[PDB]
Each structure stands twice: as structure tokens, then as C-alpha cells.
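So the chains spell out like this:
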Amino acid sequence: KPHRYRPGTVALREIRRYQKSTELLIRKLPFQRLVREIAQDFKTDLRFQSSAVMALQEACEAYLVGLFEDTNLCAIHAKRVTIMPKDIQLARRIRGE
Amino acid sequence: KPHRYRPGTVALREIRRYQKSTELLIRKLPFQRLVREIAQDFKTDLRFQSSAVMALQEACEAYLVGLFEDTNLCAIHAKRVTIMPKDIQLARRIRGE
Amino acid sequence: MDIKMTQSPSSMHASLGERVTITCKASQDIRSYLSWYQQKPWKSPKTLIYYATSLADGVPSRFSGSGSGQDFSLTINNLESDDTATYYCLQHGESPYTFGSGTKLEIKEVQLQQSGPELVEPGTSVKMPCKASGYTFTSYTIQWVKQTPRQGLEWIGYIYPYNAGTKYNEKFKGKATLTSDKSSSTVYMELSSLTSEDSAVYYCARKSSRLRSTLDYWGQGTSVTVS
Amino acid sequence: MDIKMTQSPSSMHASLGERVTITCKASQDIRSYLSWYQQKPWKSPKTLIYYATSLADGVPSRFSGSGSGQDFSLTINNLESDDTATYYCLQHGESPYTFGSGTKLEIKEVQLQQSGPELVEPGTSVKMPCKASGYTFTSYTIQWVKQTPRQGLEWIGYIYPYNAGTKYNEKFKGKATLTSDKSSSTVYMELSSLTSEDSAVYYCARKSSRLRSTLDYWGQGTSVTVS
Amino acid sequence: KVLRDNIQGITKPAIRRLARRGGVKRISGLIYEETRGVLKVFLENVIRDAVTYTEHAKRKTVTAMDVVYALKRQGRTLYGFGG
Amino acid sequence: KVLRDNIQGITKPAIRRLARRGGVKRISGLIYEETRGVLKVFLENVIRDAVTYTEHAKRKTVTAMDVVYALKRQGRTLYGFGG
Amino acid sequence: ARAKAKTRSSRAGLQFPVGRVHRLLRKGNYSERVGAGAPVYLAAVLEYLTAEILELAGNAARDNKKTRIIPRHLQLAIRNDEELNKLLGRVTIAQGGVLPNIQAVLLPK
Amino acid sequence: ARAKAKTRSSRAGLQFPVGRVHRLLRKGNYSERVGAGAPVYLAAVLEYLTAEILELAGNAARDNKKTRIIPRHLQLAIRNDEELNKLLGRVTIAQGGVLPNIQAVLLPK
Amino acid sequence: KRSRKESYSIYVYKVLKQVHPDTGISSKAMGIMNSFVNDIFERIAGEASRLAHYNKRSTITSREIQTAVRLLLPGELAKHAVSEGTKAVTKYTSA
Amino acid sequence: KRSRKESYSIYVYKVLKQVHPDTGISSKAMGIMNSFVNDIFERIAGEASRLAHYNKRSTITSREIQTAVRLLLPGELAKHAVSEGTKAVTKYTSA
DNA sequence: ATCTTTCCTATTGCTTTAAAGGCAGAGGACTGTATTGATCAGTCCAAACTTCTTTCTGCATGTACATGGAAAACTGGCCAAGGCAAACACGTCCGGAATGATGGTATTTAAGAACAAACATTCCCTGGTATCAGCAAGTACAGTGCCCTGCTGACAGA
DNA sequence: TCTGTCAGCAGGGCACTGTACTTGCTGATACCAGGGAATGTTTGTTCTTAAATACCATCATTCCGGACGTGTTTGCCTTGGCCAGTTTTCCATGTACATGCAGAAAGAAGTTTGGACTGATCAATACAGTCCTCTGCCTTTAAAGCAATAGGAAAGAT
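Chains as they are written, first to last, in this note's numbering: chain A, 13 to 109; chain B, 13 to 109; chain C, 5 to 231; chain D, 5 to 231; chain E, 80 to 162; chain F, 80 to 162; chain G, 39 to 147; chain H, 39 to 147; chain I, 248 to 342; chain J, 248 to 342.
Treat the hints as calculated values from the structure; they're not laboratory data. You may find that some hints are simply not true.
[What the hints assert, rightly or not] According to the in silico footprint, chain G covers these stretches of chain C (three or more CB under 8 angstroms from chain G):
no. : segment
1   : 37-46
2   : 61-67
[To be verified] A few chain H positions that, by computed beta-carbon distances, are all more than 10 angstroms from chain A:
no. : residue
3   : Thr45
4   : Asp101
5   : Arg110
6   : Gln113
7   : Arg117
8   : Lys124
9   : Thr130
Just so it is clear, CB atoms sit at the ideal spot from N, CA and C, and this is done for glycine as well.
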């Protein structure tokens, strides 16, 4: 019988792992592509400094991490451990977003 | 037997009544006493313009109404209709207070 | 009570290069809340002028709008083969929006998806969607317009997805009902108790909540036929 | 490795209205993180000077401290009738805080509530609270200090209610355990495996998270006696 | 002349009306003390800034303009009092 | 040259990693599209402000200063690029 | 000869004061120098926003069979429009009240 | 003849530049005039805040057996302190990460 | 004598009479409108000042005001405000 | 020649060597400290400017800075910053 | 209690990023003059505080009980964990060109000063909107009565 | 002697009636917004000076595109565990509705406090020119940290 961790064990291990570290969690190249895709709707033939894309990725990841913290609090408020889309919606609504 | 509305009917009636109106819902004199009491800890022998207390009461009532709206949303999130102190705590936590 | 809108030149003919002037008169003051449209045959109308002087997005400077109060006019300077269409003036200074009678001229990304043509027997009800994309859904009302060969363009009502607030034309009260779904970014138009005269083409058009804004982008239209 | 604190005068006598000086020598550099306390008998200490030169709130200008590095001094200019007390120097420049031996001098609203005296048989555990009021409870740490006639003042540890962080003196690791209850704004000190030497007076003191802030307000002191 | 216990002046029916204007149909019994604590914290925060503004001007009367500035400093702009 | 559909480049593992850093233990299957929409809205707003700042400067390259100013204008101050 | 004075508001076709706006810009410590068109632009924008809010508030008053605009009408105008509500999202309007809304789950049955 | 120039930072006992701070206040369009004590006071406050954060970050680096302060240590210093976190509550530290915290409900039984 | 207090009351009243000839306005509503005008003025002026400072310019011109309007006002409000400002500046320059 | 870029790096490093003689600092940490110093400078300066404008004063003196520090910094941070500022001004006045 | 997997700890190399040293220019300091914003002492009246007195209206307390919240149980399905193959992200390297920065000219435009007057603020008055009170009119809530459908005891068929 | 079916009874659901609340109209009145009038101070006009900015050319720095190779990450599929959702029950705890008490509100007067205007004046800051030295950019060295390998210990699952 191959070894298996029960559900929730590797989840907690990953929580500790990614709270201990500080590296960016989104892949850099696809995020750069997304940034360029969005920007083309406002001004064609734009150029981006590398530091500009790095700053955008830092801001977006910090924002998403904070939103997920609020979402987790909202999910726990409903006596759940799974986060649903309605939890994100409630977090955004209370935040005023 | 005397007439008696079932629980929640007068609650909805009062909700409509106080959402239709605009007047201040806290009594003037006790709120003024509270305002003077709180300021007593920062500087003694302070005086207040009537407009200052009116502005404070307006701001406080608006803040409390908004906070109760968020609390009600939080309570409905947990499949309840009764707001509880944990709902206020969650609303304030998500608001960053 | 409703503002009757009169376009004097019911039809006209012109050649290339020359100037044209189309006048539209209001029975009551509307304070420059007038919009001009161009409708090719079997196509949705496109906006030319809004607020009685401002040029709509993507429209060349050949089109010129002027006037205020109750007298308004539209001017085209350098005519082309592309200018063969019907032109309407729309007033939205009062609650029942009224289109002009229309003027036939002949020369010798925001998107609103709409369903295809539908056949229905009298007495039933029909529900025609209007799926919008390319912009913030809640920030713009969705207007509904009925076009017939006899009565021309008629304004039905709108729904504001931001708060689900609706305003209906007194003629279509009860007959028409509007609802919206924010998750799908779609607005639905319900017609109850279809009659022979209810056969028409129904357009959904985007209008901002701003007072001077007009119906700027139109759906392709859903043609409804009643046996 | 712990910083031994040496007060040069162990006792002294002086008449009213003449200056006296108490010196406190630090074993290792602490960079001006020194405080002075006055403790009348059977009462909790009161802070006089913090950061080695700054007067605490409500302390008259007669008291003055000076020095930096490893040599510090306290000066009282006009000896009032009530200046007779025991004066300690506390260093908090490094993690294990240490008090001075104490100078017994004699001559010719933030509030922390503590429980009363408790008698406990050896081997059992005791849980003494420290109720706090008059300030933002989570903004300040609560510091616990043990006083005995023989060993004098000894620092146990602290609890930071903002994040429940704790730090303990090695002499009390395992012996002591601090917990906080933000709902009641109370901090609990837990002692386990009581012995004869654990008979002491335990004080809880408020301290800001700011590095230069010292133990500014103290509790009444819970006297614990082990049979 | 000394005021000690006016927080209880924010009575239960007043808090009920505030909740009703917010759309609350049912209210727990413990909501009132929580609401009083929240209101006290908010008032302390606003009045501290108002009194700071008053003291900087070397005045002894807290004007409505001081309250408006204190609110605006906290992202709670208030129209209708000389803003 | 053109870019069509890179929102799907924010893959499910990346969203799960972001949630893990946020302390999430269990994630619903519908969280990923919701997160993609939220991220797209946030990026659209920030990039619009940054591009406006760039255009006012009559430059055609978006600099880190433009992004920092755009984030600051939205109450999301970012340290580590202010120079 | 000396020309008759003509106020810059009338020259720009505005009702709001271009001169007062220019003086406020100069006195507000916003920049060392202020361009000629800056006060005209700012007065025009302020007048536009004022006209928009006033017309919405007047429509709200008409819907209520009232003749004068009160703070309640301003609140109704602002909070019934997504763009104005976003512009004034963190603003409190004295004596404005709140919009009537009850969550559907609280209604009977 | 002119006496030996003495930098105002040394005259005030500070490490931060009083002269640069004064020039930035003058060129910042904050007021028509700037007093002599304003740059000294502001430089002292900025130096105090810098020293506080740096010392907390250095202690955090020491606890990790590290010799150099990285953004992670600044994040740890700021977010472990209520007052600094309140001051910088709306600030994102690049490469700071987050504090390791897990809700008690999520831990295994 | 006492200091004179300036306000946008007369101009707000003129605009109201332009858009609603028969509608009045209460004193409290006029105070709210004065507060609104001052607040929007302060927002736009501060944003324009920051725009000028970022670009190392000593002058706030109509370009700075236009960019501040674009940044602050959301959606169609920005477009219509820009249109009105451009129209006003063009008319002012024409005369 | 290239345009020079000013920063608080050398002063931040001086303070670091003052508080931690042994520990160093990375370039990214130094940039974060520069951003922090600039941000707090801007906050205090803007608050002092608004204080001066409210009281119809043309000068930002140490009183405006002190009041801005009291309004901005929370809790004991404010009082310690005020103590440091008062000490610096007192030492400067005596020259 | 035992087996498996993960994390943590300790060497050793090498890598790269921090720290030291040097030069120039631009920006900070020093001295004196002008002047301008700000301090200090008087005075007045606008407004804040204090007290009294009705006058209720709203708050507080108490009683009956309807119903919403919380616990228990139970199951379906939705998500975690692991395996394997392929995608494509990361690194890196070079070519080309688009763009930002610098310098000199010249060119438009804004600051500053002085005077006239015209626009804005404060006072005064009045009349039209809005508030209050009484009486119908409509709406909706709650309970009762009449009609209807499914379950169970006794009858009828087998 | 055994089993299925029908009338009586229990439980639901729709319609009618009593009743409380909110709205709508009419009339009276009271009080707040709008129009007319005098002063002061702030805006407009004209001219000069200078300084901020447009434009044009050039250089060089940096960004975009493409190309290849390695190997870590993502996608898809399978298995099964445990968690979200549903149903049931009970009870305690909020809601609704008396009745009585008292203090909040409003009008009035009296007292008092202090905010702001006025005048004199005086201490501090801007401006200017000069000198010099502090800080930023360039260059070179070495020590903290990352990576690879191996071993130990803690923890999960059985």
C-alpha cells in the first residue's frame, strides 16, 4: 500500500511553506503577458520597464493574499473550512471594493 | 383576544419607517454629555459649539448605520437573521478597524 | 403631455459633395438633450450627435449638429454613398423619450449581443435577452426601443443594473417587464400577451446614467413576429 | 552572559534639602536603555527616569539621571520627607532584563489590578491575574517581575496581547507561563510545581512595545506564600 | 460637573433604531454593549484629533470646523458643516 | 504581436499558492475564475492610472514611478521601488 | 482709451467664478505658477459637477412632489448613481439618511 | 572673515540632513515660508522612526542568525508591532511576505 | 466690523436656476453643495499639484487639470467634465 | 554628465551603524527604508501645511510639525518622536 | 509502538552583493540687510454655559410566547493527494530600433505693480412652501371558517 | 379463517372578515428662502520683465523580438476521505405589547467666557553673494549567503 497523507496535511504544510517564504508566487512571464494585454486597451504600442512589471506583480500578489485572508475569515465565520466565491464577494463588499 | 402582530412584522415596519426618515436617532442631551465626557480626558474646561456636537452626532450615527449594514450582511452570510457581536467583530476586522 | 417630435423633411434627395440640412422641432423645451442617429436598412441605428452639438465617438466631422431649446438641426457637408440611410432625432429631456418621425436620405469594444428572430403565437409571452460585454455592466442603463414601419421608433423603458431600477413608457406599462442578471451580464425583456401589433424589431441600447449621455451602442435587434 | 547590574551604594543617609547620588554600573553596554524606580516599603515600585535621562510622567524635576554606555547615575536634588525608599536600576537593552541590587536610602488613568495574597501548598499550581484598564490593552506588553527579600527584583517574562508573543527569563522557563484574554483585558500568570523558594511578591507592569519605553505602571503585587 | 457614566445614555431603543435604519430585523441581546464599545472607540478617536486641532489654534472652544477636519483626516468627510 | 487571452496564464496552482500564503486550507472549485476576475479588475484599474501618468509625461515607456504613483493614488502604497 | 472690464467667467461662458478659482489656486500653495487656462478649466469642471448633482436632486424632489431641494434629495441623487456614489463613496451627507433597502431573506415567507 | 562652516545636523546632534530637509520643505510647495526649527524637528522625527524600525529589523535578523537586514526582516519588525503596523497599515513591503499565522480551526484535531 | 465669509452660494443658485428654473433649495442643501464644491476643488488641485511636481514643472496648466479630472472622476463623468473644460477654455481663448 | 539621484541611503546607514554596529543591510532593504522616509516626510509636511492653512499662517514652524506628529503617529510613537524633536530643537537653539 | 516522509541542521565551495576608497560639483553654510509675518495688550459682543419649569414623550420594566439558533445525524459529492507526460517558463545571448536625455535657440506666457470699479457679502423684509391636525381611503396582517386529501378502524369478499 | 376496500377522522390549504397602520386630501399657520439695498475688497486692464517651455538636432541607453536548451511546473486522470448541505428536534431568547416614571426638550432669562478685531512692535525669515566640503557616481576588494551533500530528529499514518 503506497504511503498517502490524509487530506489537509499537505495543505497545512504548504500554508507553512508559503507563509515562511517571500518569493513571488505567480509565474513571471505569463503575468507580464497579462499586463501587456491589459495595457494595450488604453494605449497601443506601449513599453514597460522590467521594474514596472515587477512592481505590478508585487502589488497584485499582496492584494490577492490580503483578499484571501479576508475570504478565509469569512468562510470560517460561516462554520466552514472551504472558501466559496460568496466568501470573496462578502469580503469585497465589506471592504468597499 | 387582543390583536398582536407576529414577531418580525413590527421589525420590518420600523425598518421601513427609519429608512424613509432622516432625523437623528440618538437623543441630543445624553449624546452631548457623552461627547463632553470623552473630551474631558484630553483637555479640561473645554467648550463646544452646538454645530460641533451636531457634526459629531451626524458622523457617529452615519458610522453606526454603515457598520450595522455590514453586520447584517455578515449575519446573513452565516444563514442567520439575528446579528451577534461576532458579526460586528468580523465586519470591523474586514474593514481594517 | 408627451413631447411630440417633428422632423420637417420627411424625405429628400441629394448628390455627392453638396450640403444637407435636416431640422427637428420639439413641442416643449428640452434644453439641448437631443441625439441624432443613422440607421441603415436592416441594421441597428448608430449615434451621430449627442447633446445637440457633440460628435459621437468614431463619427467624422462631416456631421454637424446645432440648436437649443425647441429648434434643432443636423448638417452633412461632404455627402458620400455611405450616407444613404434614415435619420432620427431623439429627445431625452423628459421621462417618456420620443423619437423623431424619421428622414429618408438617398444619394444619387462595447458590444450588446441579442437573440435571433422568433416566431410566437398570439397570447403567449416571449423573453429576449441582451448580453452586454466590453464595459462595466453596472455603470450603464440598458434602454429598450421598439421599431415598426408604421409608428417608427418608440422608447419602451430601461433597467439600471446598479440598483435594478426601472422606468417604463406609459404605453408599455404592464405589456413590458425588464429584469437583469449581474452574474451573466444580461438584461431580459419580457413581453406578455402578444398581439398582432406587437410584431416588431426590439433593440437594446446602452445609455449611461449621465443626463447628457444618449443611447450610444445598440444591439443588432430581435425581430418578433406574431401570427 | 546575563548582564550583571551593580549599584555602588547599598545604603546611605542624608538630611533634608541636600543632594545625593546613586550610581549603577552595567556589566555590558546597554546603550542608554536604563530606568530608575522608587519603591516604598510594602508598595509597588514607581518609575522615576526612563532612557537614562528622561523624567517619567508626574515625577518632579528634582530627580535627574545621567550617563550612557555602562556607567549611569541617579541624582536627587532636594530631599523631600517622602524620598526615603529603595531605588533600583533596570536595564532592558538585552533580552534578559536585570535589576540593580537596590539602594536603601533613608533620611532624618492607567491602572493594573491584581488579586490578593494567596496561600498554596507545595507542588500545586497557582494562576494569578492582572486586570488592566485605562488604556488600549493590546498596544502595550505586560511584564512580570518577581521580588524576594534575598534575591530582590527578578524579571520573569512578558506577554504582548497584540499577537500573544511571549519571552521568558531562562530562570523561569517552564516554571512560568503567560496568557492573555483580550475579551476581559486580563493577563494571567501561571506557576507550576511550586516550591519553598517560589514564595514571593509578583508584580505585573505595563510596557510599550517601543524600545526606549520602560515599565511605567505597576500592579499592586500578588503575595504568594508556599508552606 | 464631573461626568463619569454617560455611555449608558446611548439607550437600547436608540441602538435598536440605528440597527433598524441599517436594515436589521433581529438583534441579539449582547449587541448593545458591543455597539457602545464601538461608538466609544470611534468618538475617542475623532475627539482626540478635534481637540488637537483646537489646541494648535490656542482656542478653548471646539468648533465644528475642527470636527470636520478631524473626520476628514480619517477618511470620513462630512458635508454640511462649513467644509 | 497582439495578445488575446493571457488571463488563463494565472494558473490554478498559482492561485492555490496565493491562497496558501493567505492561510487557506481548502479551496472550492469555483474560486479560480472568481480570483481571475478580481485580479483582472485590479490590474485594469492600476494600469489605467499608470498609463494616464505616463501619457501626461509625454513618455511612451511605463516606468516604475508611474506604477508607484498609481498604486499610491488608490491607497495601496508600495515600498521598494521609490527611487 | 481703456476698455470696459469684462469678467472672465462671462468670457469663458461660465457661471462659476474664474477669478476666485484662480485666486484660490494661487493662494492654496499648489504650485509656483498657475497657467491662464487652469482656472477656466477647473471652474468649468466644478460647474458641470454642480449642475449634474443639482439636476438629479431636482428630479428627485419632483418625484416626491416637493418644491425645494433638501439634503435627502442630494443623498438620493448621489447614491442612486454608480459614478457619483463612487466619487462620493467616503462622504457623509448630513440629514441625508440612507437608501431604502431590505435584504430579501428577511422578508416574510 | 567667514568662520568654519558647521553642518546644522551636527549642531542639532542629528544624523539626518537638516539642510536637505529644509530645502525639500522650501521646494515642496508646503507653505510660503519655513521656520528655522521646522527642518530640525522633522529631521529628528524621521531619524527616530528610522532608528526604531532599523533596530527592530536588526533584532529580527539576529533571531534568524543573519547578518544583513532584508525586506523580510522589515516586514517582521513592522507587523509584529501594533503602532508601526497602524502607521504602515496601508503599505506593501516588496519581498516582505506575510507573518506566519494559521487559524486555530484549520489545525488538525 | 466682522470678517466677510466667501461661499459658492450665489453661483450654485445660478446653476440651479439654469437647470431647474422653478426649484428652490434649502440652506442646509446649499451648505452641502458648498462643501462638495470645496472638496472637489481641493481634490483636483492637489492631484494637479502632484502631477506638476512629478514632472518637475513649476506651472499648473490646463493639461494638469485635465489629467487630474481623468484620474479622479470615474467613467463618463470624466469624459463629460473634460468636454466641458475643453469647451470653456476654447471659448475663453477665442475671446 | 548623468543626473544625480539623491537619497537617504548614507544617513540610513549611519543610523544603522549607530544602533547595530555589526549588522549590514541589503540594497532592497535600503530602498524600502528610503521609500519609508520619503512617505513619512510627505505625510508630516502635508499635515503641517494643512495646519498652517487652517490657521491662516504663512510659516510652517516647529509647532506645526509637532502637531502633525501628534496627529499622525499613534500612541507612544508620537510621544517619543515629540521628545526627540524637542531635544533636537533645544540643542540646535543653543548652537 | 513502528515505518515513512518531511523539515531542520551542519560542512564546504563559489558566487555575488555589500563595503571601502577617490573625485568633483552643486548645494549647504556664513554674513548682512529688508521687511514682513507674527506676538502682546485692550475691548466688545456673539455665543456658550447655567438654572428653572412645564410637558409631556420616550425610556424602563414586566409578561406572554413564537420562532430562530444550535446540536445531532446522515449521506452524496466535491475536493485533496498522488502519478505520469508534456508544456513551457527560466536563463542567456544577440540584433535592431524605439525612446529618453542633453544642449542651444527662440518663443510664448506668467509674475509683478497701480488704479478703477464692479462684483460679492451682510442687513432688511415678505410671502410662499412646508409643517401640523383632522378625517376618509387604501393596504396589508392575523385569525377563523369552509372545502379538500391522505391515513386508519371496521366491514365485505374470498 | 385471512386480506382488500370504504367512511370517519387528522392534517392542509384557500377565502372571508376584523383590525391596525400608513397614506392622501383639505384647511390653517408659521417660519425659512428669495428679492431689494449699501459697502469694501477683489477682480480686470495695461505694461514690463524674465523665465518656463516648445522645437530641433544628436547620442546612447534600454526595451522588444527571436532563438535555443534544460528541467521544473502544470494538466489530466484516478481514488477515496471528510465536509457541506439537508432534515429534525428542542428550548431559550428576542419580539410584541401593556403601564408608569422621569428626564429630554424647549422657551426664557441671567451670567460669563472667549474669539476676533485693532494697534503697536519686534523677532524671524527671505534674498543676495561668496566659499567650501559633502554626497553621488565609478571603481575595486572580500565576506555573507546560496547551493549541494549528507545526517538527525520531529511528525504523520498505521
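Coverage assertion for the segment 37-46 of chain C with respect to chain G, Cβ distance below 8 angstroms, three residues required:
violated (count 0)
Would H:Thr130 pass as off the interface with chain A, using Cβ distances and a cut of 10 angstroms?
Not fine: 4 angstroms to the nearest Cβ puts H:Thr130 too close to chain A.
Assertion that H:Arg110 lies outside the chain A interface [Cβ separation over 10 angstroms]:
5 angstroms, violated
Quick check for students: does the CB of H:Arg117 sit more than 10 angstroms from each CB in chain A?
12 angstroms, holds
Run the C-beta distances from H:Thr45 to all of chain A and say if the shortest one exceeds 10 angstroms.
At about 34 angstroms from chain A, H:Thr45 clears the 10 angstroms cut-off, so the statement holds.
Is the Cβ of H:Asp101 more than 10 angstroms away from each Cβ in chain A?
14 angstroms, holds
Establish whether the coverage given for the segment 61-67 of chain C by chain G is satisfied; the threshold is a Cβ-Cβ distance below 8 angstroms, and no fewer than three residues must meet it.
Check failed, 0 qualifying residues.
Over 10 angstroms to the closest beta carbon of chain A is the bar; see if H:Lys124 clears it.
16 angstroms, holds
Evaluate the condition: distance from the CB of H:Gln113 to the nearest CB of chain A exceeds 10 angstroms.
Check fails; 8 angstroms does not lie beyond 10 angstroms.
Checked against the numbered hints above, the structure violates hints 1, 2, 5, 6 and 9; every other hint is satisfied.
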